[PDB]
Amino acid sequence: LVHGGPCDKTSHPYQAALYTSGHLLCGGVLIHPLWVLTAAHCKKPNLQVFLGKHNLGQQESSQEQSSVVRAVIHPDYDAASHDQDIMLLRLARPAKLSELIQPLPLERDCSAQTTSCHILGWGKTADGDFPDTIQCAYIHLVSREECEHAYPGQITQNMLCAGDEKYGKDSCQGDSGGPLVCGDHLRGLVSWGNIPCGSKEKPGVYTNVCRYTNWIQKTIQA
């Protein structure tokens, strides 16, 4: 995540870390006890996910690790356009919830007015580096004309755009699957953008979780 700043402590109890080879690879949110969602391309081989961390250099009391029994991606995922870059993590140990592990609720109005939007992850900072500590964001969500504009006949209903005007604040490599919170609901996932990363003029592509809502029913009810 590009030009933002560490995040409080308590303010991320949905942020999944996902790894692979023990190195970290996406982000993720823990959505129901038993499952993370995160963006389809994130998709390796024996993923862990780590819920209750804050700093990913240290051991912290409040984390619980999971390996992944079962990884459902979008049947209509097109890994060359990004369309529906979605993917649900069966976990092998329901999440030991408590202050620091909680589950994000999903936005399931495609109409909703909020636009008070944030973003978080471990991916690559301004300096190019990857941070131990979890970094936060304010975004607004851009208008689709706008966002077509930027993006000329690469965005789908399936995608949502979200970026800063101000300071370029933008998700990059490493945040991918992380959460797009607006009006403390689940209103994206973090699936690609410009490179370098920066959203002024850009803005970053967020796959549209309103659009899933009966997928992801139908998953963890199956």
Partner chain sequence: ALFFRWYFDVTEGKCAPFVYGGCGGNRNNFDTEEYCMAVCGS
Second form
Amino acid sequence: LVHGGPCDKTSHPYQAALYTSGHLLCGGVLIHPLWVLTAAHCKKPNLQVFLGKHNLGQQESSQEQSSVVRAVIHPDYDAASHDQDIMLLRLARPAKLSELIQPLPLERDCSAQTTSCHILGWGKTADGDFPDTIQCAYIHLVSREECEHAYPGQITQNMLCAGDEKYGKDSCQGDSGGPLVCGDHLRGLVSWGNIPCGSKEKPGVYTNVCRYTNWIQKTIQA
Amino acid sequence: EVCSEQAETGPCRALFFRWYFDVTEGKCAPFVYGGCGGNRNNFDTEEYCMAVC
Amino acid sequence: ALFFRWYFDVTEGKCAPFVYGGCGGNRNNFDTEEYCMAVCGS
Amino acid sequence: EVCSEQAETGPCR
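Alright, leaving the form deposited without the partner chain aside, put up the form solved in complex with the partner chain.
To see the whole picture, the full complex is given below, headed by that same chain.
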């Protein structure tokens, strides 16, 4: 996350860290005691999920770790166009909830009007450094039209974009699958965006979570 | 020809550990791949990177 | 804090999740969907 | 009647 800052310790109980071979691969969002939502392009065999973490360098008494027993990529995911960039991961047993581990409600209504949002994650910062402490930033949704104008021919109804023209707050490498939170709902997942990271010129592109309500419910009760 | 292209992170925001052939070092080296796009100077293992470049 | 809680949504005609701060508020506030629905579901 | 009241995050949010 570029041009952000460290989050408060109790403000991200839904954030998951996805690990592979002992290193951060992506973020994720706890949406149910058993299920973490992330981006499809984060797919990798033998993922490891860390919940309740704030500082990746320290072992924390609040953290919980789990292997992924099922990874459900959306059937319509198109890696070439980033369309339908969403994946569900079932944990090995339900997470034990606290003030530091807690699921986040999904945005169910694609017409929801809240435009003030924030993003968070352990991805690359403005310095190019990978931080141990999770970073936060407030950004705002941008119009579908301004999204299309930024990436002509690339924005589908399954995508949302968001950014900050004042400082260019934006997601970066390591943030994929993490939450775009608007009005205390999961509005999007980090997917892709401008090279280099930074939203002064073009916003970041997020997976439009409200489109997958039914797919998520049917996956979870399968 | 492929092995002298720069390492491309791509547009996606993941943190994959991949391998690319560094011309100045004449060896293969790690780089951060974002998970989509990029070019083909991008290998899963260091062995495979050197088997090709 | 941020608790996953349930409330009855009149425009959905069923209970739905929301983030509760841990104190105050009102009684349309349930720790499970099942409990919400037994009080508000018909 | 409690079921018609708005969801209230309360002041500890």
